[PDB]
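What follows is one structure encoded as structure tokens, with my remarks underneath.
Heads up, one of the protein chains got dropped from this complex, but the rest are sitting where they should.
Order of writing sets the labels: A, B, C, D, E, F, G, H and I. Residues in every chain begin at 1.
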């Protein structure tokens, strides 16, 4: 492991506004990307995460951030799942691309593929506008991720990108930051 | 990668209530453990994270969860930092053990060692009472982690361990859960 | 390659009468098994093949033969597809097991996994009651297989198993067979 | 294995109209080819297959499809077998080339060579006009193949080559086909 | 390459008195065996050699020697060739076994397989009653072997086996032999 | 093994007309060559073979065929043996070159060297005018070769080279030959 | 090992005059360098050695020699330690660079890294103005090195560099030297 | 490398009081040993080192420490050198064993052998009573080592062995030591 | 290479008093043995060396020393050479065994085989009664060895075996010897 590792390249077929479209990581150059894998279409926590991000999508897009979801399921299954009502555990209409990883290459490239299970864990990745990986969140299967936390992290990374100050534990917009220098730091710590 | 993989074993010297003590992962068997690495003593975000957890430690201990912090610094340096006032970027008295990983073996075993830097990234691990790794959170250097989110995750893993239902995106105590069955799931969805 | 080789072992989660059940190749010992792979749930030729076998299942069961279908899709997707009406390209309720091969291990063991696509081709295998592979039919994706030809082949293998005569090109029940001896063959040829 | 694999190249001596001639797979480019191996000259199912295709050869050649048979036997044996009356288990005059694979190279290249037996199984290959393998049929020794089914498959591959449609289970000329699109498929399925 | 090496074991299906039988090299222990390969059934020199040996078989049997012929052709082709009249280049009925080597293992074990041709050269082997290889004669394709020379060699080997004298160039029964000692040799030479 | 294999190249010191001369296989291009190995100078069968060929040398030279003998003995030993009277088991004057293979390289190249004994078996090779190996005759130690059979083989190979018909079993000059074609063969077989 | 081996190259972050600066071995070309590793900041023998050399730096600088100290600790820790009073086991302000070897590459390149402990032993290296290693002194952890012996060695190497006579056991400035010739040596011995 | 490494074992022929005797490292267990290599007999700095230690040997023996010198020279050369007067660059009688390392194995085991020169550098090793290596001093060829400094080190190691306190820079007997504890160290530092 | 190398074991066929006998190195245990190789029978220096030792054989046997000669020639060639008069460059009757090394294994084991030539150089070996190699003399081809020098060496080795003194340059029986001790040597050198 090294600092400022580029996110691994991916490309594949996604369902975007009900259509099959080719999609690649570099389509998101210039924007932050929340790229997240979920285990399996037609399961349990997975739709709740896709819906949680989808229903709050503008809170990301308004800060130059896009969201893409990915599983090992086919694009046909993705579409069938979109075409399933929420009340039956479907997604209904969704504005987040659903990337298909049938070959498992994308999941393996991101280190999130479970060899025993044939699908991914709940792996979420925050990739900056330069394609550099900034954050990795990996959850075991029974526990969903947090849109609140993902937003906070995106906010924090964008802030430190712009200002060069660093973000303390629990930082949210408006919170104090630190000048990352042995002298400069005392402005924060003495305060 | 497989599911329900054990957290790698570790042992080393920790500073615990101002004294050097031997500490090992298995000391926490039967308890949840938040095990987190931070880059470096006498730096910037790191003290804020140790303090953030330390000052809320009873919120964890009261739910059968302990917290351990680790860096590549020596135990002598850990103790010197504890003995540095908070207003100077020190820790002050701290109730969380500070584990020393001078050899880098613990860091490398957890995949958080930065070869180019000679220290870790901000890697946090939630390990259950059986020693199984449940959650991994890796932040790049300039952005601190969240105690709130860490608590929510411990709560959720504990809840799913006890009930067998699964936790939707953003779950907190009191929130609805899902019966992970194609029929049972509809109690959640079909509202 | 050698003659009379065992069908590779497989086991996995299948949807059977709307429930998830573990299924094994060895569960079919004592019976012929038509074991076929299809590319993908919620596609085009695939449901027509599954439905064709399913709706004609008694033509197999009446001759001690079972049918199992398999794709790389999850068991959750299989059940979703069964729960999709036929008029929407679903399966509807179905009496043949749908085996899930999420890991791809079964498909690769049968040599039908397409590395570039992430799913199988249209590979059908006829396995006898002793677990020996008797017939392999591999179709490219746009052309479906034939239940009628599959039945003919099952009938032909069962017949040659029982009688030890051999079945000419295009043999169907009632057709002439050959005694596989340089002398006996002449009854057929002459 | 991959989507659209070229049929392996072959070349060798064939008996064509009672003469020894060099024959190459590439001689058939521009036309579909039914290329089939049979175990052994002077045996039992084998002549019935050669004769079945031969006597119906114009049903193939009239749809731009040629037919070639191959075994491990020598060209001298092929000729002797052609010169044996059908009533003695010979072929009589035959319009299908009989390719000789004495070295076993062709049979091994097609994966139909039986190491324990020294001859092929009953392996039939449908190769399109571009030299791409479209269909493989492999029978164990005691059961002959079907000219009817071979014709159906050639017809179906030619049809799908020409049209933006796919052929359901059991398709024959005149049968309904499917537009391989999530929306267009419903023209078929709605019935 | 060493002195008094055993003939390589072989076993396979032979045509014997018009039937298929399993035949093994070890079936001939206790007797000399002339074991010869010929290129191909239904060819030219080959039938002349098989017939020359078969028609003179008693010249071998009367001196405790058997004859077996082998090619890469199948047992079915061997029998078809036996059932072909001599006037048509057939064998007619034959009293020497015709061994089949479809797999080529026997030919390769005897070093007579031609990789480029897929059949043997004209390789003849004289094997003694103890299974030891005594003589190897390899002819290129256009020139047949000699039954008379084969008989001379068998006689010579049998004579030297019995008497421990050695056989000069061109020895035939009745010819002078040599006592293989520096002193005893002069009985032969010194006149 | 392949058809029409070149005889391995050799060169070395030979005794020619009582003198040491360097001799090379390529010196015999344009002629057939009977190149034969014999075990050892001053032994038993060996002189009989060298003398048998030497005394009939013109029967070979008359038909554009030369003869060369070879053993592992030195050229000095060869000369001593030539200078030894025939009545003492010597050669007397000899018109066939005696090639020396002290290093064993030529013997090994011809596959006739016996590792246990340190000399060759009785290996004879018929090599055509293009240096192509036509016939190999290997006898175990106690039994001499035949000048008659060697002559017959040279005649047969020269005949088939010239006429492109093939030589049946036991062919001698004046004997019937075969046209190696399925139709042309019947001229011979019909008798 | 061979005669006249160059000191392994090193570069890294050092604390110099209270600030972080990149420092390289080649910055010292043209001068002798006493380059020494110590186990750990905030420990026991270590500050005594750093202080002993630092406080006597002019005894080196006045003979074209510089001194650099190195441990596996970070530069932030080095600076904290400099900012700790001597009476608390700190360094106080200091005039010799403290090089950080967080990655352990420098320590490993010098053969002084202890794999079991995660820090160096007490390894001191005398490097000449051409970058050639002249002297290696390795102490186990509980015993500190000597500034006075180090000065003696630097003085001796400079003297032999200049004069081409050699320095007997215990040589100090003013002591007798030897002409390294079988005949010339007798001026010393006899 | 690791802490508390044993000195590598050695054995060889030494000159001890004018006689050749086998000497082993294990002969010195129970006592400290100053074991030093010197380049070459009959050279320049080398005798001054042997003599410096030899003439002050009682300062070591009286603190339970022995001294052994070693070079690559033979025992015969060692003895010749001992028998050379000091005024001619010899040793005269010497009470320190001179170990011979003709094979270079001992020198190589200690990492002091110069491959280009065929002798050692000036390598000195302080080995404790348990055979553990405590100190290594390696000098380039033109500069002799120090008896004063060697005694200081032996004294310091013996002191820290007995008392568990540690020895500051420049420690000599009578000097202040440090308690190696974060609290106890202040007894030293406060002064 | 080490002190007291055993002579490599050998066994082979030798000519001994005109008969072929198996001879082994171990047959000479308890006696010194002069074991020498010579290039080739029927050559030039070689017979002079065999004759020179043979004619003085009693000078060796009188001091419990045997002599054996070896070349790569066959035992038959050796006997022919014995049976050749000395006036023709033969040996005549000889009392030294002539060992044959047809396979070259003995020569190669003794490191005297010339790969380019197919025979040995002039290598002589003095082997003691315990089978240990004491002396090796290797001459290039044009120069013979010395019986005088060989006797001197055998005498010298026997003397030093018996007395444990050592033999100066040019020692012959009756010459001064040296006590191999730094003190004892002076008895010799003081004169």
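Methods note: contacts are C-beta pairs under 8 Å (C-beta built on N, C-alpha and C of every residue); 3 or more make two chains touch, one makes a residue touch a chain.
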item: Touching residue (missing chain; options I:18, I:30, I:168 or I:173); value: I:168
item: Hidden partner chain, residues of chain H it touches; value: 40-43, 72-74, 76-77, 79-81, 84, 101-104, 115-119
item: On chain I, residues whose C-beta touches the chain left out of the figure; value: 1-3, 42-45, 47-49, 51-53, 86-89, 111-117, 121, 133-149, 152-153, 156-157, 160, 166-171, 178, 180, 182, 185-186, 188-190
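Everything that follows uses one rule, which is that only the chains that are shown with their structure count from here on.
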item: Duplicate of the A-B contact set - from E-F, F-I or D-E, the pair where over half of the pairs recur; value: E-F
item: Computed distance of Cα centres, chain H from chain F, in Å; value: 79
item: Mean-CA-position distance for chain H and chain E (Å); value: 83
item: Of all residues in chain C, the ones touching two or more other chains; value: 42-43, 76, 79, 115-117, 182
